[PDB]
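Taken from a larger complex, these chains appear in their original positions, while the remainder are omitted.
In this document, chain identifiers A, B and C correspond to the written order of the chains, with residue numbering beginning at 1 in each.
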Amino acid sequence: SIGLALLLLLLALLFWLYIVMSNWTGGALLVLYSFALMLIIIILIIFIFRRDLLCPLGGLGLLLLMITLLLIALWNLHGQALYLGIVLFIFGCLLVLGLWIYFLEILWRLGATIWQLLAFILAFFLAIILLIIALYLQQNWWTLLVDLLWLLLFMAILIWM
Amino acid sequence: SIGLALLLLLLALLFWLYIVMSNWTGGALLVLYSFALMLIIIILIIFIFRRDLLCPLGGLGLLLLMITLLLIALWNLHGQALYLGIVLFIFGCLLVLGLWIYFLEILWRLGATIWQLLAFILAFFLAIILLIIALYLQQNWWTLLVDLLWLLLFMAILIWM
Amino acid sequence: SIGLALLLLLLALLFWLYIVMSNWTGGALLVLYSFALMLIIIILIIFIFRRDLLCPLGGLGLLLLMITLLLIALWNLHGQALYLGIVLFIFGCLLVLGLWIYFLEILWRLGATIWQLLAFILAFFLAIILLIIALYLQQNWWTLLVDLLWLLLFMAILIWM
């Protein structure tokens, strides 16, 4: 159980980091490929530690994974299919905001201070802005930092509890 | 818990079917996107039903997901990076065969007949050959069938037990 | 409840009689629309006369209505979308056959001679063949006969049970 999970995590990290160095000065899709494997890594970490938290955080990670796959698929579309995929991505973005609000409410019910709540909201929105900047800048030295800061953000949680 | 999982499954199925009907006569990368979407769906289905089986089958599904992401990343590479990604994909393939052998041994220890063991081996290898054919044929009517037969294969399991 | 249902039935028969001899020169699309309205009549007939049989028979009527709507969307759709549409239409037809087999099994469990069961099977397949030849015979008089035969078949299957 534990050994298999660590082996899978090693594979995930290896594949991710290789994808990060693959195709220097590559396209914008590389950032999405790296972010998707970061999401897989985070899902594996939530599976390994605090297995009881697989519902909120695992759902959040898998939802972000689906959103990234949708973005990869609709990136190159140049028609009504692009608009329809945009509308599906909007639905996914509203529902991930809803799940984040639900998780935030559970954390507040646990008894966290309002300052921690605001810090978590600012951290998540800063991570989203950071990923947007990573998409705009096809550079790999910044994609590595974005992905590792996302990993740190999703690792600080599940350790707070 | 259950409602959130069904909502996530609905999103996953919606995103998968849209991606399948996106970009008629599209590239070969579409098949990989649809297959990855189904791997997320199958992860969700194993999560919903028989939660105790999330270790072998969930690990198998997440491993196939990483393999597909690696294939998407290395598809366009035309250098030593392509060969290195091929060597990483070979490692992933050997380890997926190892995990399948482990799962097959657990099933045999449960007390299944040798005919069922051979049927499962043939079903999995037929699914792999199907996916190869789906990659070769960029056609969507066949990607639908290949991915749905993969879904049926991974749904028959976790119902046998 | 009875008054509303009878009003809907009268409205359905009026609409269907209007639509059958509506254009006098339209193609198979008019045949499909008339067949869909006939399926709606059938569903109303089960809901009013017998009831409590919505799942076995009304479910089949609504399934055939979905199949007819998908067929309507499938016509004059030259291109690769027609292929995936054919795949989904085949899936729906397989579901129709499966339900029919389930209802046959229920009828056999209730107790019926094999000759009479074969009579129902032959009647259903003959109705399907009539509909198929009606799609190629757009004289707006054979459609009426096919729809009347469908009504009579469903009335008989409702009254014999």
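Convention: contacts are C-beta pairs under 8 Å (C-beta built on N, C-alpha and C of every residue); 3 or more make two chains touch, one makes a residue touch a chain.
S.K.: Total copies in the complex, given 3 are shown here: how many?
M.R.: 6
One rule holds for everything that comes next: only the chains that are shown with their structure count from here on.
S.K.: Could you report, rounded to a multiple of 5°, the rotation needed to superpose subunit B's C-alpha atoms on subunit C?
M.R.: Best-fit rotation on C-alpha atoms: 5 degrees.
S.K.: Any idea how many Å lie between the Cα centroids of subunit A and subunit C?
M.R.: Here subunit A and subunit C have centroids separated by 48 Å.
S.K.: Express in whole angstrom the distance between the two chain centres, defined as the mean CA positions of subunit B and subunit C.
M.R.: Once rounded, the distance between the two centres reads 38 Å.
S.K.: Using CA atom averages as chain centres, what separation in Å is found between subunit A and subunit B?
M.R.: Spacing between the chain centres: roughly 21 Å.
S.K.: Which of the residues in subunit C end up touching subunit B in this complex?
M.R.: 79-81, 83-84, 86-88
S.K.: Which of the residues in subunit B end up touching subunit A in this complex?
M.R.: The contact residues of subunit B facing subunit A are 1, 4-5, 7-8, 11-12, 14-15, 18-19, 22-23, 30, 33, 36-37, 40, 43-44, 47, 54-55, 58-59, 62-63, 65-66, 69-70, 72-74, 76-77, 81, 84-85, 88, 91-92, 95, 99.
S.K.: Mind listing the subunit B positions that touch subunit C in their complex?
M.R.: For subunit B paired with subunit C, touching residues are 20-21, 24-25, 139-141, 144-145.
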